[PDB]
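Omission of a single protein chain aside, the complex is shown with its protein chains in their original locations.
Here the chain labels run A and B in written order, and each chain numbers its own residues starting at 1.
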Amino acid sequence: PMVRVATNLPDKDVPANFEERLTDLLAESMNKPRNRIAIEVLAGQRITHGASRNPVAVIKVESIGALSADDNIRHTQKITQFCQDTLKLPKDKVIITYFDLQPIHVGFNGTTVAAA
Amino acid sequence: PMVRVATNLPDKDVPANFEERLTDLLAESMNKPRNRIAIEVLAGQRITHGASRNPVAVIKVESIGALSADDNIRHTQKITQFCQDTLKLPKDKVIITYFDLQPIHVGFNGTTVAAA
Partner (left out) sequence: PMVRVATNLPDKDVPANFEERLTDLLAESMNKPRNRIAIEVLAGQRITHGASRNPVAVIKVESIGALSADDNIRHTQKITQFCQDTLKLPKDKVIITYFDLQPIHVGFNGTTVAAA
């Protein structure tokens, strides 16, 4: 899984253990090994929602599978509660997009996943 | 809609009202509510186009629908004109990718849009 979390909260408000904790959360919920999860964090960024600059996170989650309709309900509930607990965001200021990828469209260790 | 606008123009050159005006523009062009529109702006960034560092914008627009072939002609005309007016970019310096999402792949308010 490859996750990007962007927020307009400052970098000092996104704790240093955020990526590690999010890596544990997605490992368990997506059944993926920790060494196949990458997390990008972009804090202090300009972001609006409804043109408001109130605190918000916009997250992208890519994975090869593990993204059925029902799995995404569960990942959304978990990531949303996690951002509430760690970033203090309201439950309605966490916007997530999922991308279910084929292994032909992922490169790792110098070739595609499909070709590994 | 979840929109990301990246530019090599300095942050001081993307006016504070950019997100507001672009929110209004996309609400009208996509027939989407203002409170379902998020805009990320990333200025001051390293970007090249044909390896040139001349001013350019690279924009991603995600939406659940409202992205037909015909719709996308209208969004591109409107966004490209808006970047020309506000950022002074040439008409051939605004690069846009559209992602038409299913509602099972968007998380908002703690569950998927499909499950809401």
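Basically, a contact is a pair of C-beta atoms (placed from the backbone, for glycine too) under 8 Å apart; a residue touches a chain by one contact, two chains touch by 3 or more.
If the hidden chain were put back, which of A:42, A:66 or A:73 would touch it?
In the full complex, the listed residue that touches the missing chain is A:42.
Looking at the full complex, which residue from B:22, B:27 or B:56 touches the chain that isn't shown here?
Reading the full complex, the residue touching the unseen chain is B:56.
Could you tell me which of B:45, B:86 or B:102 touches the chain that is not displayed?
The single option touching the absent chain is B:45.
Provide the residue numbers of chain B that touch the chain removed from this figure.
6, 42, 45-51, 56, 58-59, 67, 69, 72-73, 75-77, 79-81, 91-92, 94-100
Contacts of chain A with the missing chain: which residues?
Its contact residues with the unshown chain are 2, 11, 14, 19-20, 23-24, 34-43, 62, 99, 101, 104-112, 114-115.
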